[PDB]
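With one protein chain removed, the remaining protein chains of the complex are shown where they sit.
So that you can tell them apart, the chains are marked A, B and C in the order they are listed, and the count of residues begins at 1 in each.
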């Protein structure tokens, strides 16, 4: 008495019809027109000298509409139907809802997003580690700076040596600091990448997952514009 | 003895031809084959015992070719012909060039590009707004520098202290500047986001517009390769 | 009463089934419809007056569906069935999972990836070759710096000239260093290209391998979305 329409992962639609007890089943690309379906069911139906077909939302549509708009309208109605010249019976067919279409896409999104959440925990933890290390180092450096400043002040202004004996000291100090920085540049040949490699985090995979998930979300919002809006991502 | 088709913006084709007051009007989807057009015309035409329709460019064409490919391969001559078996009439029909497709796409593209130009002008304005603040602060810095220069010149020549009391202080001063700058970075570890939130600007919408425009340009250029090349985006 | 098909690496399918010593073997391209398979089997089978073949998953399917879509929608059950009108035999046939397609693609992918790993190891070696040269030169620079430091220390404390003859010279010296470095840039306005030309390395080939590998990964992941997801590239 009834038929069905179903969604596939490969953006094709799977029609099922109680056509002669033993139902027929078809695959339709959404950009195709309904005349494809009419021709194909004519091939599936018997002669009578060829039959005629009509698709209906109570209105009948033309045979040159793309499947997508027809389904938008039928989801507005929640079901559509078919009329044939000979059998004289209205074959009603159900239609997927929004979630009925976005099921596979949202499942992929949930898997990818849980993986990304784990990766984000990893990255955040090790980033804060490196953050604390660098800031402890900077605190020590500022301490050295303040010590040097107090030294030069209390020496030049409150010591019998004077600036005469102090300029060479601070010049040698500046050159030794440059030598230390140079030795450090060569000690390199930033630390976050080594923390990743030693911890197991990956970046190319990370951005790959993120990019795929963003394209997914954009397709979701596209269909949510076409279909009913307000799909509550946090609810999924 | 002549007709023509027309390009709607809905990826359909509105064929208009004389079918011997209101001439024969037909809606077509491009993926349809010519056999469906044949049956459609047969439905529109009177009896004879049904005639067989031929399409031509001469050459005789089949009945399974999609419309789009036939039109592409026809546009080198600007017209294609029909031969009905019954009426013995010569009929020719106009091929749409790149111009009509270009029209109903470029209109969307120009709307999008003008909107994007406005949005980018707004973003440019607010960028200038923050930039001039930073510029004024750097002007103040230049003023401080020149003040320090004049100070040390005065204390050198127009003073009895002499260079002996000058070199130490300024050195300490220089160190303090570094210290100050150092502290600044140490205080860091974002702002224009808030300036746009207060301005009421949309970045996701902007980027979506840009990417849609680029994709539509690519579609236009593809179909321009299908037809003759050199559609001259900058000119039109 | 059972058969199976197989996946060659040429985007064909080798069907093998019992057609009542050498069972019925058939080559298929996926874009073909099931009607061609029906006529092919009819040619292979004996007379009766020709029978009509049905395909099933229950559901009865049409005769225009491409093979690939039918297989995709069949793989949820791992088998699909045939019903011949004459013989009254029940026949079932095995659906290939993701594994066979994955096999004849992943083999190419692993070959490419291993070759790329070797090439990248070579490039890494030669990069290290130049890097160590630069490193040794910087070590020489460190030595010069420490020599200058010890020189000025000696002339300061272990010398009667005193700081008065020290500060000017070193200042000039520092300037000359800048001048030297300045001249170096002025002499500039490329080298590893020659090192690879002498090594005999191929960069265009390398990049082509990389891009082909990435595109083939994307194809695999697409067809993995078509079937069940999570093919785990890093694992296998």
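Brief remarks follow.
Keep in mind that, in the parts below, contacts are C-beta pairs under 8 Å (C-beta built on N, C-alpha and C of every residue); 3 or more make two chains touch, one makes a residue touch a chain.
Although one chain is not drawn, the whole complex shows that of C:6, C:27 or C:129 it is C:27 that touches it. Although one chain is not drawn, the whole complex shows that of B:81, B:165 or B:166 it is B:166 that touches it. For the chain missing from the display, the contacting residue among C:12, C:134 or C:203 is C:12, taking the whole complex into account.
The missing chain, though absent from the display, is touched by one residue of B:8, B:107 or B:156; that residue is B:156. The omitted chain makes contact with chain B at the following residues, 57, 59-66, 69-70, 72-73, 131, 135, 138-139, 141-142, 145-146, 148-149, 152-153, 156, 163, 166-167, 170, 225-226, 229-230, 234. Where chain C meets the missing chain, the touching residues are 11-12, 27-29, 31-32, 36, 164, 167-168, 171-172, 175-176, 178-179, 182-183, 186, 189.
Keep in mind that, in the parts below, only the chains that are shown with their structure count from here on.
Inter-chain centre distance (chain A to chain B, centres taken as mean C-alpha positions): 23 Å. Rounded to whole angstrom units, the spacing between the C-alpha centres of chain A and chain C is 22.
Put simply, the C-alpha centre of chain B and that of chain C have 32 angstrom between them.
Shared interface positions of chain C, defined as residues touching 2 or more other chains, are absent.
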